[PDB]
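The chain below stands alone and is given in structure tokens; this is the form deposited without 3-(pyridin-3-yl)benzoic acid (5F8).
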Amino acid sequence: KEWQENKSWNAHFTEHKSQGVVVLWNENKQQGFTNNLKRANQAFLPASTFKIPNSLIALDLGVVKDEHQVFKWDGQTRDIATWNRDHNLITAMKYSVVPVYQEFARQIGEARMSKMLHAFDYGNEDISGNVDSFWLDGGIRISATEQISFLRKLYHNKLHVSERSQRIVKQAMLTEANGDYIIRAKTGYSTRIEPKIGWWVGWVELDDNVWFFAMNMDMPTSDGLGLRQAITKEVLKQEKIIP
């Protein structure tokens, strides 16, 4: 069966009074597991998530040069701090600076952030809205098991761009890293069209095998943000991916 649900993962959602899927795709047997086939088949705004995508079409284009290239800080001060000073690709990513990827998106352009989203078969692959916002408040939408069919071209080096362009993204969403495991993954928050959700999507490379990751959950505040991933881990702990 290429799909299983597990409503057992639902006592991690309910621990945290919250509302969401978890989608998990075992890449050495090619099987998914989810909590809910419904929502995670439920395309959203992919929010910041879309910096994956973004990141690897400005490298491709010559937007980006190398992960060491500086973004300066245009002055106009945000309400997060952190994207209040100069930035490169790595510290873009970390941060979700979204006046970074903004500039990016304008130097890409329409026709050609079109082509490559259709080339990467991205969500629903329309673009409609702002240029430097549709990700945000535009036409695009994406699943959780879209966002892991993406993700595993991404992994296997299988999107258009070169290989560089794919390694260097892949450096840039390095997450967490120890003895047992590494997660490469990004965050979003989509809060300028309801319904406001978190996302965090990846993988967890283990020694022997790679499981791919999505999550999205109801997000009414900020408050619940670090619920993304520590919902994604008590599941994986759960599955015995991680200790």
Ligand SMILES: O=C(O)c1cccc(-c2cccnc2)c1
Given for the second form:
There are 2 protein chains.
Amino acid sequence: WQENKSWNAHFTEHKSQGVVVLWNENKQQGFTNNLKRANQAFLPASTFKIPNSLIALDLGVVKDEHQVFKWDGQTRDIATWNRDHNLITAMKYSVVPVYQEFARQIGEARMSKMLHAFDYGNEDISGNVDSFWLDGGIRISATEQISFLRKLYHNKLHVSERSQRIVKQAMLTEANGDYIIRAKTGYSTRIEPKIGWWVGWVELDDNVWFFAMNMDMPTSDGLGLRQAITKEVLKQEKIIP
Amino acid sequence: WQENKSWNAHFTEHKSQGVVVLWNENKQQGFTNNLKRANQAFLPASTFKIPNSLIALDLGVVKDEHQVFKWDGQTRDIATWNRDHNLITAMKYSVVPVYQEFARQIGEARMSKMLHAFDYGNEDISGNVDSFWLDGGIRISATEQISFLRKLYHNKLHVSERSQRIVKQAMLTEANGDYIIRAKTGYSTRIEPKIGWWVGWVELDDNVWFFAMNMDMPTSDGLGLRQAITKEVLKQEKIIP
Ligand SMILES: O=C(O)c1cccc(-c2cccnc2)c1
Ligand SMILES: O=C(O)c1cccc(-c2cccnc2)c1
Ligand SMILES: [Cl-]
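If the one shown is the form deposited without 3-(pyridin-3-yl)benzoic acid (5F8), what is the structure of the form solved in complex with 3-(pyridin-3-yl)benzoic acid (5F8)?
What follows is the entire complex, opening with the chain shown before.
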């Protein structure tokens, strides 16, 4: 590991504070602006939709990425949630209610065994089965996010290869002639400190860089900074043009 | 099918000639600027790397999307061909020599066998086993490209689901918050008429539009028009912003 305190400027300039963690797969070397915060554990919030998808697919709770989960007819504050969804759109729009039903069908016992099986975070599902990743006892750090994402990339998680391919398809966020990003955002508000996540990796012709960032998020006005700050660290380190 | 000659303006502006074919999956309706050229069968050229990849993967010639295929040391006119590749990069750069090695190991019989199962074009592989899609007898029209792609999208081709998922990953071309494009380019130069291809689909939240276009290509200077003209039609039809 190598600490690069010059990156703190990227958070300072937007009157913010947070951590970005990078991992060079080819060289097996990591980088962060803050070794301390890189190992501090936060609620995963909607970043939990990755393992939640893996478990639901492997158990048959979700048949495939085409299965439609109909809106329950309850009007919610986020308009894009008030409609039918499949796996791709449910993760694109971070549709909490869809994944809360997943959790209720997966059940306490199978969820716990799988998270220990994944070595995910502190592997503690204490709380309510349908919201513990939002206000329960589960916690995970940025460096731990990267360890989990690296296994997903290599199809090393203890679920089928098919489940890992579908979830990685669902994680597709951005793609052009220069790079491919697969990631998931997160926004934790029910427990202090309020933070936003962005975890995933960038695929190049001859390498993959894994990343995991979290930052203070006192208001929803700053959510766009999750991607904005991350990409700047990538540009600075010459990972993306 | 419905003919929309107003699209011809997009070809005329760039002193070009060609066809674009679109298919609305939800509504099971097709649209094109030239019904006749839409059903005209040409050499597939590098669009053939879709079926070829499916065959190589299903037969074990290709293990997975990470397997490395060494450069043979022959300096060729296209710089990106003079290096090592995997399935992802081999298609991104239309690396002919990599896929000719696939064909040689697939063999004449198994290739003919598979294309019949795919109902691909005229199913005629006459010529060299490793160049028939470049200067052999195989022929396929734009409408037939879409019919074949529709089976791939729905995992209905007679190869494993795994093979079809991998090829759909390797077809990834562009992705943003508004759409995803999985497609493949083509460039037929060895036999007249010289044309360029672009075939695939654009994934939206609530629908999928399949597309297949070809145009006259007397010189390599106009290759970039394949994507440009297609997108102008997509913008006009309000499919992409
Ligand atoms: O960005 C996210 O991951 C996410 C997930 C759930 C809810 C929200 C959210 C909640 C309230 C306002 N704006 C966004 C964001
Ligand atoms: O764009 C293509 O699909 C493609 C495929 C194979 C070869 C070529 C090509 C051929 C000659 C010069 N420049 C590019 C283009
Ligand atoms: Cl993909």
